[PDB]
Amino acid sequence: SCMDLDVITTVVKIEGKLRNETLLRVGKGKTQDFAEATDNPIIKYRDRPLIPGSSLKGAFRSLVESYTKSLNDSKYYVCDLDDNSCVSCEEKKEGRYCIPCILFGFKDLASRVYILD
Amino acid sequence: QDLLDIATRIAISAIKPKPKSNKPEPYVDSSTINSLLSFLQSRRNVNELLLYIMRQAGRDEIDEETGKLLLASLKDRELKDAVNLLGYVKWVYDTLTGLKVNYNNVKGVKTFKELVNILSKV
Amino acid sequence: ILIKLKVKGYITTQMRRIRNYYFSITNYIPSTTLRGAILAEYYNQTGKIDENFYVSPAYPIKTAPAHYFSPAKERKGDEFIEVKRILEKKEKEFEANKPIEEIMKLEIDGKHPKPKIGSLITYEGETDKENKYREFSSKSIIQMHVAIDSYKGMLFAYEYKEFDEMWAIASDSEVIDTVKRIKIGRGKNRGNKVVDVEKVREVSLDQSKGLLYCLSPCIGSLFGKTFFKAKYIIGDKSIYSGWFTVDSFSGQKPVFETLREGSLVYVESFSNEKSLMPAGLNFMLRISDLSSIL
Amino acid sequence: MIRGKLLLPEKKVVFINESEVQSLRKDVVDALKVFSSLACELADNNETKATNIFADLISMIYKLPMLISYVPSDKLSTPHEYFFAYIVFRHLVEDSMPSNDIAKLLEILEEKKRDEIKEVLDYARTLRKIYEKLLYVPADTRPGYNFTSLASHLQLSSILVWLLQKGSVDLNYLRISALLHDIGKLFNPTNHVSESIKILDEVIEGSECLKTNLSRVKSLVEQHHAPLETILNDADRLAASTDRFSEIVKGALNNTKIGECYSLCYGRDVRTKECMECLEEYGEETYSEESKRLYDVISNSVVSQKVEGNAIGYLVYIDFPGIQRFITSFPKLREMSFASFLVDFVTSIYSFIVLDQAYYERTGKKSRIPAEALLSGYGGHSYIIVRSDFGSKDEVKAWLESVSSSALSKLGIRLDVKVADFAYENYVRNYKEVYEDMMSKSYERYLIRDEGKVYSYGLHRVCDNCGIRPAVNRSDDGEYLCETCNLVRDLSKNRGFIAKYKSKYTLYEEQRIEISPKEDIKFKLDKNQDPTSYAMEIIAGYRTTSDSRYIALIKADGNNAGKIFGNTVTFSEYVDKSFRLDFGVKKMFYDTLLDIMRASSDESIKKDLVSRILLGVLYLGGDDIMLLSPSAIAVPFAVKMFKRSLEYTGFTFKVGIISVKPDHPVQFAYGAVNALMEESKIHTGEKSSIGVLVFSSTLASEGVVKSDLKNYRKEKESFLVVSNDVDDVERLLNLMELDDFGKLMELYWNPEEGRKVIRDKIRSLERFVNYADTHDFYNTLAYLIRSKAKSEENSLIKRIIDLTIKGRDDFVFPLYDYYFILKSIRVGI
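Chains as they are written, first to last, in PDB author numbering: chain F, 2 to 94, 101 to 124; chain E, 18 to 139; chain M, 2 to 150, 156 to 300; chain K, 1 to 829.
Note that these hints are calculated values from the structure, not bench results. Among the hints, a few may not be true.
[What the hints assert, rightly or not] With a cut-off of at most 30 Å between alpha-carbon atoms, the simulated DSS-like pairs for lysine-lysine come out as follows:
#1 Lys-112(M) <-> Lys-250(K)
#2 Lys-215(M) <-> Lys-194(M)
#3 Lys-788(K) <-> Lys-107(E)
#4 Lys-199(M) <-> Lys-93(M)
#5 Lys-90(M) <-> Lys-112(M)
#6 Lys-74(M) <-> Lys-643(K)
#7 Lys-453(K) <-> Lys-117(M)
#8 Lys-77(M) <-> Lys-397(K)
#9 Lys-127(E) <-> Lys-250(K)
#10 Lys-432(K) <-> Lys-133(M)
#11 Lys-29(F) <-> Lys-790(K)
#12 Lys-14(F) <-> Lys-45(F)
Produce the entire structure from the sequences given, and follow the hints as far as they go.
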C-alpha cells in the first residue's frame with residue numbers, strides 16, 4: 002500500500018542555493034507575452050527572475066523515469082502521463104510499484120515530494 | 018445590460034475578418050483579449066491597460082477600429098467596471114467564435130438582446 | 002375612528018398547529034389578534050387595561066371581504082362586479098312582501114355569476130354601474146428553525167404573510183393616541199419585521215335597523231343573550247376561537263361557531279345588552295356599496 | 001356494412017372493424033349466460049329475485065366504470081365495489097338496510113361479501129372489452145346522427161324506459177327488452193330484431209332456471225311486433241325517439257347539398273338497407289365529410305320546443321358546498337384517504353341508497369330504482385335521476401337534505417341538493433338548460449339561520465367555552481383527539497389504506513397478474529410496528545426505516561370542461577363525452593401500469609413499484625385525478641400517462657406535480673399541488689400541461705406557490721415556464737435516457753449507483769441554474785450561450801441548451817422547470 006499520506010511519520014526539508022553553471026534561461030512561459038522588457042522576456046516574480054517549480058518538478062520526474070526504466074525491474078514501472086488506467090501500486094498476491108508516481112504523484116495519487124520555487 | 022451592449026459592439030467590431038489571410042480568421046485573436054484581461058488583472062491600472070491596448074493596436078495585432086472603440090470606452094473608467102467590461106467582452110467574443118457567427122450576420126447589432134434573438138433564431 | 006398600519010413586512014396570522022408546524026389560515030388579520038396586540042402595548046406602556054375597547058379586523062388597504070351580491074363574473078376567475086348603490090337598490094322591497102328567491106336574482110345577463118362570500122376583494126374601477134373588482138392575493142413565506150442547546159434535537163416551522171398598508175376601525179379612546187406600534191403575531195418576541203399604528207380622520211358610521219353588512223363574524227345570540235333578530239341571513243358559518251373577560255373567574259378561549267365575515271343579514275331589531283364589539287364580533291354597518299371605504 | 005363513429009372535439013371519424021364486433025358477439029352472449037346463471041344461483045329457484053338480479057347485472061354490463069374499479073380488488077376498497085354489492089344484495093334481503101347510521105351501513109356492505117364479486121371480476125376483462133366497443137360505436141349509423149356513441153344512447157334508453165313506463169305495464173321486462181334491442185342494433189342494424197331474437201334464444205338455451213320468464217319475454221317481444229299494436233313497442237319507440245332528439249330538427253332536411261340519399265335514407269320512413277347502399281354509393285370519405293358538415297350546421301342550429309305537460313323525471317345534483325375545511329381537518333395521510341373515500345361514498349352511494357329506499361317505500365315495495373339511474377358520483381359531484389312520482393322537486397330536495405343532516409349531524413358533512421326538471425313527455429332538455437336551472441336554484445344554499453354550539457378548533461387542546469359538556473376526549477397518544485376526529489379514526493381503523501395494503505389486486509390481461517402489497521413491499525418492519533403509521537413512508541418508498549426519500553403528488557384536471565359541456569347539442573352527447581373521458585382516463589392509468597410491468601427487469605422490483613403506486617392513489621376518474629406516486633418514478637409516469645391523453649379521452653389536462661418530504665402535512669400539500677395544477681394551464685388549451693416543483697427544504701402551501709409564481713415566473717423574461725407542454729418533457733426525458741422504465745427502476749432499486757448516476761446527469765444543469773440564481777436574466781442568458789459555445793460535439797450540454805433555447809418565442813425559457821424535473825428523480829433516490 003503506497004497511499005500512506007493519511008499517516009505522516011517523518012518530514013524532511015531540504016534547503017539550499019541553486020547556482021547555474023551555464024547561461025541559465027528561465028522557462029519563459031510568457032510566450033510572446035511582453036510585460037516590461039524587450040521581445041519575449043523570461044518570467045520573474047516582481048522583477049526578480051524565478052525558476053518555476055513546475056519546470057524543476059518536470060525535469061526531476063523525467064530523470065526519475067529514466068532511472069526507473071534503466072533499473073529494468075518487474076516490481077517497478079512507469080506509466081504514461083496521458084494514460085488514465087495507470088495505478089500507483091498493486092497489492093496483488101509482493102506487488103508492483105511506480106517510483107515516479109510514488110514521488111511526484113499521479114492522477115490516482117497526490118505527490119509526496121513538494122518542490123518550491 | 019448596457020455593459021453587455023458595449024461588449025457586444027466591441028465583439029462585433031473585433032469579429033471583422035483579417036484580410037490577406039489564408040484562413041477566414043477574425044482580426045482579433047482570443048490570445049490577444051486574454052492577454053488584455055490578464056494584464057489588467059496583474060497591473061491594476063487603467064492607464065497601463067490603455068497603453069497596452071494602444072501598443073497592441075500599433076503592433077497590428079488588434080483591429081484599429083476596435084482599439085479606437087476600446088480606448089474611447091475605457092478612457093475614463095475605474096478598475097472595477099473595467100474588469101467587468103473585459104470579462105463581458107471575453108464572454109461575447111467566445112460566444113461569437115464558438116457559434117461560428119460571421120460578421121455579415123451580426124453586422125451592426127447595437128443591443129445584446131437583439132444579438133441573443135439572432136442566436137436563438139439561428 | 003380610522004387607523005392606518007404601515008406594515009409593508011412579513012407577519013403571521015391565524016395558525017393551524019400541525020404536529021409541530023404552523024400554517025397561515027386567514028389571509029386577513031382578525032380583530033381579536035389586533036385587539037390583543039393593541040392591548041398588550043397598553044399593558045406594556047402602563048398596565049391598566051380596559052375591556053370597553055373594540056377594534057374592527059384590519060384588512061389590506063383598498064380591500065374588503067366579499068358578500069353574496071358581489072360575485073365573480075367568471076366561475077374560476079377573480080374579477081368581481083356589483084351595481085352602484087346596490088343595497089339601496091336592494092333592500093327597500095324588504096319592507097314590501099317581495100319573495101326573497103326573486104330578490105336574490107344574480108342573472109343580470111347570460112352566464113350568471115357565482116359568488117364567494119367572505120373573500121378579500123380590491124376595488125378596481127367605475128365601469129358604469131357595475132364596478133370592477135379584483136380578488137386580493139398576498140405573499141407568504143416559510144421560516145423553519147432548528148433546536149439546539156451546537157447540535158440539533160428537534161425542529162420547528164412557521165409561515166409568514168406579507169402585507170401592505172392596513173386599515174381598521176377602532177373605538178374612540180386615548181389608547182390609540184398613546185400607542186404607536188404593536189407587536190402582532192404568534193411569535194411576538196421572535197419573527198416581527200416592522201409594525202406601526204397611524205391615527206387618521208375620525209369615522210362616524212351609523213348602526214340601525216335595516217340590511218347591514220356584517221364586517222366582523224357576527225352572531226345573533228349567545229347563551230340565550232339575544233342581540234338581534236334577522237329576517238334573512240345570507241352568508242356562511244364560521245368558527246370563533248378568541249378571548250373575552252366576564253369580570254369574575256375564567257374568561258378565555260370561548261369557542262362558539264358564528265357567521266362568516268362579509269355575511270349579509272337583514273336585521274330589523276336589536277337589543278341593548280353587552281355589545282360584542284370588544285369581543286371582536288358584530289361589526290355590522292349600513293353601506294351603499296363596497297365604496298364605503300372612502 | 002360500414003359504420004363509423006364521430007369523435008369530438010377533434011372532429012374525427014373512425015370506422016369499426018366488422019370482424020372485431022362479430023368476434024366479440026360470442027363473448028357478449030357468454031357474459032349474458034354467465035350473468036343469468038349467477039342470478040339463478042342467487043335467487044335460489046326464484047323468479048322475481050332472479051329477474052331483478054339479472055336486470056342489475058345487464059345494467060352493469062353497460063356501466064362498468066361506475067360498478068367496477070379501474071383495478072379489480074378482492075377487498076372492498078372503492079365506492080364502486082360498495083355500490084355493486086349494494087345493488088346486488090338489496091333484493092337478497094327482505095329487510096331494508098338502515099340508512100340512519102353510516103358505520104352500520106358500511107359494516108353491512110362489508111358483511112355482504114360473497115364469491116359473486118370474484119365471479120364477475122373473472123369475466124371483467126371481456127366486460128371491459130364490450131364496454132369499450134359500445135363506447136366506440138355510434139348509436140345511429142346515419143351521417144350527422146353518429147356523433148353520439150352507443151353507451152350514452154343505451155343509458156338514456158334505460159332511463160326513459162324507467163321514466164315513461166306507467167300503469168300496470170311491466171318494467172323489468174321492458175328494461176331487458178330495450179337493452180337487448182339496443183345490443184341487436186349494435187350487432188346488426190338491418191336485422192336488429194332478429195339478432196335480438198337469436199340472442200334471447202341462446203340465453204334461454206344457456207340459463208336453466210329462468211325458462212318460463214325469459215320465454216315469456218321473448219314471446220312478448222316477438223308477437224308484439226313493431227307494426228303490430230302493442231304497449232311495449234309503443235313505449236320503446238317513444239323512448240328511442242326522445243333519446244335521439246335529432247329528427248325533430250329540420251336543418252338536416254333543409255341542408256340538401258348532395259341531394260341523393262336525403263330523400264330515401266332520411267325522411268319519415270327509415271330503411272337501413274337504403275342508407276348502407278348510399279354509403280357505398282358515395283363512399284365513407286364523403287360520408288365523413290357530410291357528417292361533419294351536418295354536425296357543424298346542427299351545432300350552429302338552435303331549436304326550442306317545450307312540452308306544455310309535466311316533466312316525467314328530475315335530475316338531482318349532489319355536491320359538497322365546502323370541502324376545504326373538511327379536508328384540512330385531517331393532517332395524516334391515512335385519515336385524508338379515508339376522508340376522501342367517505343366524501344365520495346356519501347355524495348354518491350349514500351344518496352343513491354336514500355333515494356332508493358324512498359322510492360321503494362313510495363310505491364309500497366312494488367318497484368325499485370334501477371341501478372343505472374346513477375350517472376355521476378365520483379369525485380364528489382353526482383347526477384342522479386328520479387321519477388316524477390315523489391311529487392314536488394323542492395319536496396324531494398328537502399327530504400334528501402333532512403335525511404343527510406340527520407345522518408351526518410356529527411361528521412360535519414352537509415350535502416347541497418340541486419334538483420332540476422330532467423325531461424318532458426315529448427322532449428328531453430339539453431345539458432346547458434339543465435345546468436342553467438341548477439345554477440339558478442343555488443341561492444337557497446346561501447340562506448342560513450343562527451345556531452349556537454361549540455366545535456373544537458381543529459382537534460387540539462382543551463378549550464373552555466361552555467362547560468356543560470365534557471372536555472375534548474383524551475387520546476391514546478395524549479391529548480390530540482377531537483370527537484369528530486375520534487369518530488373518523490374509529491371508522492377508518494378497520495377500512496381505508498390498511499384495507500388497500502391487505503388486498504390483492506389482479507390485472508386481467510393475456511396473462512393475469514396479481515399484486516399482493518403484504519408480500520410485495522420491501523419495507524422491513526418489526527411485528528410490533530404499525531404499517532398505517534408508516535403509510536406515508538411506504539408510499540414514498542422507504543425500503544428501510546433508515547432511508548431518506550421524497551414522495552410526489554400528482555393532480556390532474558380537464559381543461560375548459562364546463563363551457564365544453566355547456567356547448568353540447570344533446571344530453572346523450574354529454575353522457576357520451578363524460579363516459580369517454582372517464583373510461584379513457586382509467587385506460588391510460590391501466591396502460592401505464594402495464595408499461596411499468598413490462599420493463600425487462602426483475603419481477604420483484606416492478607411488483608413493488610406497482611404496489612406502491614396503487615397504494616398511493618386517492619381518487620381517479622373523470623375530471624378529478626389524485627396520485628401519490630414515489631418521486632423517483634413520478635414525472636416519467638405522468639409523461640407516459642398523458643402523452644396520449646388527446647388520443648384516449650380527447651381532453652387536454654392541466655397537471656401539477658410537487659415533491660414534499662414524507663413528514664409534510666397532507667392537506668396543505670394537496671392545496672399547494674391544486675394551486676400549481678390550476679396555474680399550469682395552457683392558455684390556448686390545445687395541449688396538456690405538466691408543472692413540476694420540488695420542495696427540497698421548504699414546506700408547501702397554496703400561498704407559497706402563488707407568491708413564488710408571482711415573483712420568479714413572469715410573462716416576458718422568465719426561467720419558470722410552469723405551463724410546460726408534455727412533449728417537451730418527453731423530449732427532455734429521451735435526451736436524459738430516462739423515458740425507459742427499466743433504466744428508472746435500475747436507478748431506483750440501487751441508490752448506491754443511482755445517486756451517482758443522477759448526480760452526474762444533473763450536475764451541469766444544476767450549475768446553469770446556480771449561475772441563473774447568481775445574476776439576472778441577461779447575464780444568465782449570456783452565460784448559457786457561452787456554455788453552449790464551449791461544448792464539444794456530441795456532448796449532452798449542447799443538446800440540453802438547444803432544447804431549452806430553441807422553440808421558445810418570448811424570452812421565456814424552461815430552465816427551472818427542467819431542473820426541477822431532474823431534481824424530482826434526483827431526490828426520488
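Hint-by-hint comparison with the structure:
A threshold of 30 Å between alpha carbons decides the hint, and for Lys-112(M) with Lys-250(K) the separation of about 28 Å falls inside it, so the pair holds. Between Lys-215(M) and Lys-194(M), the direct Cα distance comes to roughly 40 Å. Violation of the 30 Å bound is thereby established for this hinted pair. For the proposed pair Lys-788(K) and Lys-107(E), the alpha carbon gap of about 15 Å is at most 30 Å, so the pair holds. At roughly 47 Å between alpha-carbon atoms, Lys-199(M) and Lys-93(M) are farther apart than 30 Å, so this suggested pair is violated.
For the hint linking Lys-90(M) to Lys-112(M), the alpha-carbon distance of about 22 Å falls within 30 Å, and the restraint holds. A distance of roughly 34 Å separates the Cα atoms of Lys-74(M) and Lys-643(K); the hinted pair therefore is violated under the 30 Å criterion. Using a Cα cut-off of 30 Å, the hinted pair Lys-453(K) and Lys-117(M) holds, with the two alpha carbons roughly 25 Å apart. Straight-line distance between C-alpha atoms of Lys-77(M) and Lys-397(K) comes to about 27 Å, which keeps the hinted pair within the 30 Å bound.
At roughly 66 Å between alpha-carbon atoms, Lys-127(E) and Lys-250(K) are farther apart than 30 Å, so this suggested pair is violated. A C-alpha spacing of about 28 Å is found between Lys-432(K) and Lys-133(M), which places the hinted pair at or below 30 Å, so the restraint holds. Restraint check for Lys-29(F) and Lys-790(K): satisfied, since their Cα atoms lie roughly 29 Å apart, inside the 30 Å limit. The hinted pair formed by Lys-14(F) and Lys-45(F) meets the criterion: a straight-line CA distance of about 25 Å does not exceed 30 Å.
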